[PDB]
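A protein chain is absent from this complex, but the other protein chains hold their places.
Chains here go by letter, A, B and C, matching the order in which they are written, and residues are numbered from 1 within each.
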Amino acid sequence: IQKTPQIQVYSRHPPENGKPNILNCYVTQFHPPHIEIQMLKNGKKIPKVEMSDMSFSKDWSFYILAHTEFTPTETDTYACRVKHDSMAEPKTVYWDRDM
Amino acid sequence: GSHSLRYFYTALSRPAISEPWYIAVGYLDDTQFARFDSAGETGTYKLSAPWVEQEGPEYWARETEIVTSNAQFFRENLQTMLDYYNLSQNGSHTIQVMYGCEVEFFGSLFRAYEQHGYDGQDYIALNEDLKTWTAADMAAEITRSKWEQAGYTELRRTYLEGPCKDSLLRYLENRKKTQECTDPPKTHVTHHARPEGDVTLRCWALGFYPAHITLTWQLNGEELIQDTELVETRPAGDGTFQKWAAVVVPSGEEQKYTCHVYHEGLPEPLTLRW
Amino acid sequence: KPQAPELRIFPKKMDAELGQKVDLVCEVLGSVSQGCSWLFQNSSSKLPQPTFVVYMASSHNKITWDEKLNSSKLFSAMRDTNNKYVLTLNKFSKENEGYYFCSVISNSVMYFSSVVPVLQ
Partner (left out) sequence: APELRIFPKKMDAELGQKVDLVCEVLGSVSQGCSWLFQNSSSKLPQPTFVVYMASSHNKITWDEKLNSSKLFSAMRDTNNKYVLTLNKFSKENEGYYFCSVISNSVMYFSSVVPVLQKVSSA
């Protein structure tokens, strides 16, 4: 009846220490469609994050893209935490420049 | 070569609250051109592509009330399923519908479809002949009877082979105007020290369009299909997509591996070495 | 890799008379796998034993047939619309009667569709 969210956290363009960029949080494979997606800065929930219109795949599981602005720093932790009924606990995935 | 026009409806049935009840999104291939939703007496719309404005406010106003009327119909058929399995009506449920058509200028192939899913599971789908339906459970067999009796199947076939197809070829002509044919991928390969020894060679493809693409790793001409890690193709956020393929290689043997990128916006497959 | 591709095969069953054409469709959902292989288990085998029929690349037109079937005319392979792969039994025989299923690989793990009985 319900599937659990798969999450990818990455940047629009090849990351470059100090240089400005965009952080994406792509949440897929979930059901029901009711979800909560938060983009964070050093553990501090980032503000006004834009979202795309929700759609779904052939297996009926939904997908959404939350995205904001950020500037890659070796001393800066960025992550995406999502809350969905299918999981025992919220799930956080950190941005990792290698992926 | 093959282009599609598809509508993705998500309606929510919750007799216990307000109603941001339905959203419907339309795509031309992998690009959304519009979003309709119930916000408005008969919904409202919001375009997202240049080659769509050419239609005019009158057109999009009519297109919106049609989508809304479809959404109401889609949602109402849920009832057949609730009565059969005798579920409560105040309970919450989800209704999803995807329909559309595609053309393959090459061999001018045409295909269409319409599939309904209730609570995240298959319910009923239109067959390739556009004249019969495949039912997923017993309740859907009731729905199938009702729709043939009502003439719903022919209405859809007429819409699919008529305006859906007409709209796809038009919207397509339109796009050729502003946006270019396709969008080739920019490629390059990174590496990564593997904590367990050896290295991971990662082949990236970014900013491509459409979303379909194939990224492969080879060694002495063989596709390393079972030592290749692929991530799900994902949106760059600017209407473009990205993907990467990784392979773990034994230390010192990097230069032996090559990455192959296949994409329609490339007259020929791209080959990249470490 | 938690996220697994999903395989859907059609039809779910087939009762074929000798001579008839039979198309088996393998629809692969997701984008975490590339290409598709068709496997066969002879009904003419009381003990299970899979046999590679063919591999269709997701690339462009690149088809690799099992060495014996390399020059056989009982089978034809065609990559159709989207991630739909078609294995066609040109002439239904006792020679290709049995159990069919597709398989794709994703991040080193082999995934398999339902097996479909193509019996007389």
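What we mean here is this: contacts are C-beta pairs under 8 Å (C-beta built on N, C-alpha and C of every residue); 3 or more make two chains touch, one makes a residue touch a chain.
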Chains in view that the hidden chain touches are B, C
Of B:249, B:261 or B:272, which one is in contact with the hidden chain? B:249
Which of B:168, B:225, B:236 or B:272 contacts the chain that the document leaves out: B:225
Touching the absent chain in the whole complex: find that residue among C:26, C:32 or C:39. C:39
Suppose we count only contacts with the excluded chain; which residues of chain C make the list? 1-2, 4, 35, 37, 39, 41, 47-52, 55, 57, 64, 66-67, 99, 101, 103, 105, 107-115, 117
Could you pull out which residues of chain B are in touch with the chain that's been left out? 196-198, 219-220, 222-227, 248-250, 253
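Following the convention adopted for this analysis, only the chains that are shown with their structure count from here on.
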Rounded to the nearest Å, the gap separating the Cα centres of chain A and chain C is 36
With chain centres taken as the means of their Cα atoms, state the distance from chain B to chain C in Å. 25
If you look at chain C, which of its residues touch at least two other chains? 3, 30
Which chain B residues sit where two or more other chains touch them? 231-232
